[PDB]
Structure formats: C-alpha cells, structure tokens
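A lone chain, given as structure tokens: the form deposited in one PDB entry.
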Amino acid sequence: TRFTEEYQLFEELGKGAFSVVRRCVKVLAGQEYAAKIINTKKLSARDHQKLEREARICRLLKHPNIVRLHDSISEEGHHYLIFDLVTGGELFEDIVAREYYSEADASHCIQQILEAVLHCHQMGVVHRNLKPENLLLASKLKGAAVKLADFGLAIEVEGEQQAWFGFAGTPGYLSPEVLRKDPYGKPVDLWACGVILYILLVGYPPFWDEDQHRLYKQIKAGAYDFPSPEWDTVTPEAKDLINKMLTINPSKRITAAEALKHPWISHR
C-alpha cells in the first residue's frame, strides 16, 4: 500500500493494453514522477513474466541518457513502476516543430542515443522499440539531454547469443531480420538508430508506404535513397554513418561502440 499512501495521481501521459502512464506527486516530498500503472487483476502467467522482465531491466539500467526507475510497488490488483518525470516532451514533437536538425544538433542528439543503446547492450538489454516517440527531452531548452524510455518491449540476451525472440517493434523502425523472422539481437537497435538519424537530418523517414506489405518489402531490401532537395547539402560522412546503420546484414551492421567512434560523431 506504499503507492496509495504516499502518491497522488494527475493527468494521463499514455495508455497500453493493461497499463496507463500518469504524472503523480509524492505528496510529502513535493516531487513529481511518471507512474506506469499495470492492472494485475487476473493477469496471465506470461503477462506477469513481462511485467517482471520490464521491472528487472529498468532496475539494471543506470545511465544519464536512460529514464531512471525510482521505485517498484506491488499493491492488491495494481503494480506501480515509478520513473523520474522527463518534462521536455518526445524527440518526435521536437523534430516536427523544428522540421529537421542541423548536422551538429543531429550528431549531438544521435551521440546521446548511441550512449544509451551502448549501455543497454553492455548490460544484456535489447530495446527492440527505438524511435523518436521513445526518446524524451530533459527540458524545452536547446541542447537538453535525451533519455531512452519505454522498455515495455525490451528483452534480456546472453552476451552475443541471438535467437528468434518473436515479432515486436514499430513498422517504420523494424529491422530486416525481425521482418524476415530470422534470429536477431543487439543489431536491431542500430537499424532503428539509422531510421532516427535519417529523420533528424531531413525530417521524414527513409521507409514509408500506405501499404504495410510494400513498407516491409522496402525495409527488407534496404530501398532508401537521398533525394533532392533536402539531401543536397548533407555531408557524405552523415550519409556514410546512416548507410552503416541501415546495413541489411546485421553481422556487418555498425555497432553502438563503433558508431560512437565514427568521425561524424567523434571528430566534434
């Protein structure tokens, strides 16, 4: 009963199958949080495992560019995952408002995303759901820190061991190996980084179709390009890092560590 006692619920931030995220205040502390509220009334054994998995992964990850679990509280019929509140809104919103980022701004943004990803991978965590909606800005001030959020689809892996872990992710950001239904792991996250970096620089995605089956065909084939006019003044080094991220063969795809040493990120 530690949640009902100490915390007051305010506005809804988002909604899932069996869950809700709401701003909350720890009343006696005068401090606000993001409460993920999971309804556990007659929850399946599998859905319990997925709650426990997310709790375990979120406790594991301590990094400036990853949302921080503050507490995990089991009450009768509800579970509470309390996270530090990030108030600058989604990277998605900021790209749409600004249209696109400068190469300097994009590099600084993608650098922080890669540090979050590197940390996850080093800790045996694959997110599987990287996209601008899942990256939160620390504030509305320019250059404010980016935080990886929403580990609801995250998996635990054993070192470099890969398997068919099942079909999960967001269409525009899905890796070819997930769509092919082939073994996968940490590299899926780097494919998504490539989609995000592409979006940062020109403000529209590399893969899009009204027909999902045609979208999947373009992703599986790596059928992206750099059309005029928006790509006309973009450096080849930016394109090079995107190409290495959007590599079909996950064995040959650039890693987080390798990406952070790419000149377009490190010589800067």
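What we label the rigid core is the largest C-alpha set whose atoms superpose within 1.5 Å from one form to the other. Positions refer to the first chain, counted from 1. What changes on going to the form deposited in another entry:
- Fit the rigid core and compare the CA positions between these two forms: of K220, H63, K239, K50, just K50 moves by 2 angstroms or more.
- Two rigid parts move between these two forms, and the turn of the smaller against the larger, rounded to whole degrees, is 13°.
If the structure you just shared is the form deposited in one PDB entry, then what does the corresponding form deposited in another entry look like?
Partners and other molecules have been left off, which leaves just the chain.
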C-alpha cells in the first residue's frame, strides 16, 4: 500500500500507550512529515473508530496554528496518520525550560492559541483537551508558530447547541460545567485557555491539588487567586482576561472572537 511505497521512516519523535510518531519523508516530493503509527491488530474496533473520528475532525481544519493532517493510510497491520512535522516540542516543555513567559511573549502565544480555537469553533469542533502538553512549537526558532494538536477527544457540535456530551479531558484543565454534568460546548476550550494563560505568566497553574476531590471542588468554585509577589507586577488587563476566561458561568465566559479583541491581546 501507499505508505511503504511513497514514504521512508526515520527517528522516533514521540510515543503514547498505543502509538509511535516517527519522522518520515515523502521521497518523490522531498518533504518531511510526522507519521503517527498505530499497530491496528493490537486495537479494538472501538479504538479504530476513535482514530477514524480524529482523522475526520483533523481534515475539517486548515489553519496556520493547527497541526495539519495530510494523509491517512491503512496498511496491513499498521495505520499511518501523516501530519505536519513540528520540531520545537510541546509548549509544556518550553514553559518548564523558560520557567514562565513575559506578558509580550504570553500575549503572542495565547493570541495564536485563540486563533486556532476560534477556527475550530467556526468549524463546529470543540477540542475538550487544550493543555500545554497538546500545543506544539513548529520549530525551535524564536517566533515559531504554536499549533493545536491531538484531536483524539474533540467533538462536532451543531451551531451553539450544547449537552453534557460526557466526562472527557485532563483533570487540571476541566471546566466547571463538565464536572457538574451541565450542558457544555465551545466555552470548555476558553476555560482551558484561561488555565494555559495563567501558567504562561507565572509557570504554575491556578488549580492544583495532589487530592483530586479537592482539585475538582476548587475548579467548580473558581477558587484561584494571583499570589504576591509574582502577580503584583502583572498588568491588571492580563488578570482581567484570565478572569474572563476563568468565569464559572459558561454563558458569561469570554468567547474566542471576544478574547482576540481584548486590549491585552489587541494592543501590540
């Protein structure tokens, strides 16, 4: 089949429970990509349909700040998802290396993430799993694009119609509405953007407990603050944008298109 004929495989870039990502070259085109490789015989039909779902949602999306899926090739024993190669690693890794970002750098970062998220929302896709582990730097060069990845938990929504679709996401990034079994939709991604923006500016999250019982109570209550001294020199407008994203009521919470016009993003 077409992958073995058209591509050469090189070094491992990343690994999951059920996948390996290797650099590949589309030999006749002289173009590099990242191949996410799944051993199909080791997976259930349920795991297969989750993969088909991910590929289907990725193909809806064409944006400079979203990892593009170029091809999907099912060979005997292995399935290949051919994505953009990105070489700058996870935003999570960048934040640990730098400790935290300047307001200028954090504004530039969250602007690109909001552009990606708005594009998803306009295409009726809710990601549900926004986190720095899931945002990739296109390269290691300064100013390299941040790109949304891992649509394995994403859902398709019908206009603005909401429901409790189910319990999905990453504990520290979960929205109050998801934890309360309230109807949800696009706003869950803006809550995660808030958690991300908080982390960018000081290098730790607004909600953390070893004890998940306490973590979920803390998220549902909107129980975060801005401790001294690190937050004392942070502009009020940066705090205001975080507060508008970490609004417990998902109706009142800032939208992606609204956040893109907030003066902390717009005035640059």
